[PDB]
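Peer 1: Here are the chains, one letter per residue:
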Amino acid sequence: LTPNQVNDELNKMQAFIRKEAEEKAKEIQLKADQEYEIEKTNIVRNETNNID
Amino acid sequence: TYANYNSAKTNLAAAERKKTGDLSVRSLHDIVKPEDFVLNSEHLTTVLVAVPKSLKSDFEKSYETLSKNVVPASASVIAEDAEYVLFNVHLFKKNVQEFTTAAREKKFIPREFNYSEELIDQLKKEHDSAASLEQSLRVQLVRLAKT
Amino acid sequence: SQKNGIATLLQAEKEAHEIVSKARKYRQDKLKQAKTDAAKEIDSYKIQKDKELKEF
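Protein chains in written order, with the deposited numbering: chain G, 8 to 59; chain O, 148 to 294; chain H, 2 to 57.
I should point out that these hints are in silico values taken from the structure, not numbers from a laboratory. Just so it is clear, CB atoms sit at the ideal spot from N, CA and C, and this is done for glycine as well. Certain hints may be false.
For each label pair, taking beta carbons as the anchor points, the in silico distance ranges come out as [what the hints assert, rightly or not]:
no.: 1; chain 1: G; residue 1: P10; chain 2: O; residue 2: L202; range: 56 to 62 Å
no.: 2; chain 1: O; residue 1: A229; chain 2: H; residue 2: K15; range: 36 to 42 Å
no.: 3; chain 1: G; residue 1: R52; chain 2: H; residue 2: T9; range: 21 to 27 Å
no.: 4; chain 1: H; residue 1: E16; chain 2: G; residue 2: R52; range: 38 to 44 Å
no.: 5; chain 1: O; residue 1: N153; chain 2: H; residue 2: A8; range: 44 to 50 Å
Partner residues are not named here, just some residues of chain G that face chain H (Cβ under 7 Å, in silico) [to be verified]:
no.: 6; residue: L17
no.: 7; residue: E27
no.: 8; residue: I50
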């Protein structure tokens, strides 16, 4: 049935939504790691200059 | 005065011509906003317009060529435009190539255009401005000729 | 009515994207908090060195 095929195609479109969600989650994780590393590295340097 | 009359007449002619919709975008006043470029952007919803023959099956024949990439719903075309197909159908912008292919294969000659709330209000304002400019230019020309 | 499933998929995608954006914002806030914690640890180590410098 084409409407049943339409339902399958709508499910496939929802799959493109799930892939988008996974990509967004991966981007969020990458941003988290990058921000944590940058914050740990840059802030300490000035602090180390003050501490030293 | 003659230049003003010519500009007003040109505006009136444009307003009269843009309201046909037989092979172009119809008047925004007679058009439907939702799912017709009002919102309906990205993955939220869809918008489509074409003229495949004069039957729903032909519109379904054209819509079958979209490969169901996005907005798999069959296109529905019903209007008085050329006593033939004039549709406000679903074809998501995330499948713009497939949206075009939904009408290109069957030679539907798509006539899609932006019809958002701002666009529809601007079109209505433009038509009213053309009519008012025609009337005001006629009055000004009559006064200028009397003088 | 033929776009009910499309709207449902759109809502699911939008909700997932909003949750991901909120998680990324919370991760940025947590990175700022980690920077603050690192600065506080550097200050505490500096104070310990001040006791160490006082030992010198």
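Peer 1: Would you mind marking each hint as holding or not holding in the structure?
Peer 2: Here's how the hints hold up against the structure:
1. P10(G) - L202(O): 56 to 62 Å: Taking Cβ atoms as reference, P10(G) and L202(O) lie about 19 Å apart, which means the hint is violated.
2. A229(O) - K15(H): 36 to 42 Å: Given about 38 Å between the Cβ atoms, the range holds.
3. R52(G) - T9(H): 21 to 27 Å: violated (50 Å)
4. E16(H) - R52(G): 38 to 44 Å: holds (40 Å)
5. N153(O) - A8(H): 44 to 50 Å: Holds, since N153(O) and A8(H) (Cβ atoms, about 49 Å apart) stay within the stated range.
6. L17: holds (4 Å)
7. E27: At about 6 Å, which falls below the 7 Å cut-off, the nearest Cβ of chain H leaves the hint on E27(G) intact, so it holds.
8. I50: holds (4 Å)
Checked against the numbered hints above, the structure breaks hints 1, 3 and satisfies the rest.
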